[PDB]
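Make a model of the complete structure from these sequences and hints.
2 protein chains.
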Amino acid sequence: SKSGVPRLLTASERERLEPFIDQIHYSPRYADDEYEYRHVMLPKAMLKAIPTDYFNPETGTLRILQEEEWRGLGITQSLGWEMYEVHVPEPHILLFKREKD
Amino acid sequence: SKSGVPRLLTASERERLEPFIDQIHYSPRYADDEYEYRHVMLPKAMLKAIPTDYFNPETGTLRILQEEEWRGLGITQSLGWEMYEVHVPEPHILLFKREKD
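So the sequences go chain by chain: A and A'. A prime marks a further copy of an entry chain. One point on numbering: in the entry's author numbering, the residue at position 71 of the first sequence is 72, and numbering is uninterrupted. One point on numbering: in the entry's author numbering, the residue at position 12 of the second sequence is 13, and numbering is uninterrupted.
Cut-off 25 Å, straight-line C-alpha distance, at most; resulting in silico cross-link-like pairs (BS3-like, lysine-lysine): (1) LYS49/A' - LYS3/A'; (2) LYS45/A - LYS98/A'; (3) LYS45/A' - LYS3/A; (4) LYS45/A - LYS3/A'; (5) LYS98/A - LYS45/A'; (6) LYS3/A - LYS49/A.
Simulated from the structure, these hints should not be mistaken for laboratory data.
Put into structure tokens, the structure is as follows:
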């Protein structure tokens with residue numbers, strides 16, 4: 002399997018994101034025992050302006066970006082945050098659950 | 002949006018699943034505060050024998066099956082289990098987390 006290499010945006014690429022930056026939404030933080038979480042919602046129009054190599058072709062979503070990469074997109078947050086993704090099981094794996102009594 | 006209707010397998014459809022039934026793997030159960038969980042792994046060859054209307058075309062995975070539907074596929078478990086799916090965020094939503102100190 003071959004995967005994309007992390008890469009910083011060029012001046013022209015970054016300039017293209019300007020009209021969307023002020024429209025980025027940051028959710029309030031929520032947490033569990035050992036982690037804090039939050040999600041960032043980009044305007045849908047912004048995705049068409051992001052370089053294709055920033056996307057995972059298999060998932061259709063953005064690949065896990067390193068800090069320099071997401072900050073480079075115009076996403077601003079405090080320190081410590083790391084991007085993560087939900088992992089969906091392959092089609093041959095089924096998930097079940099039942100209430101405990 | 003239009004979605005698939007639950008539907009039981011016909012005699013011929015069910016007969017086609019026979020060579021795979023004994024190869025289905027059931028994971029041990031794990032749990033949290035209010036739920037028990039487990040995952041079932043079907044042999045990959047079995048997916049090609051399952052009716053196309055049992056799949057979600059948007060996800061590529063099986064749609065949430067009702068009890069009669071999954072038991073009808075040859076999946077045998079005790080009582081209480083309900084099929085569930087992981088929900089992946091749309092491409093414009095990014096997830097972040099950081100360790101609490």
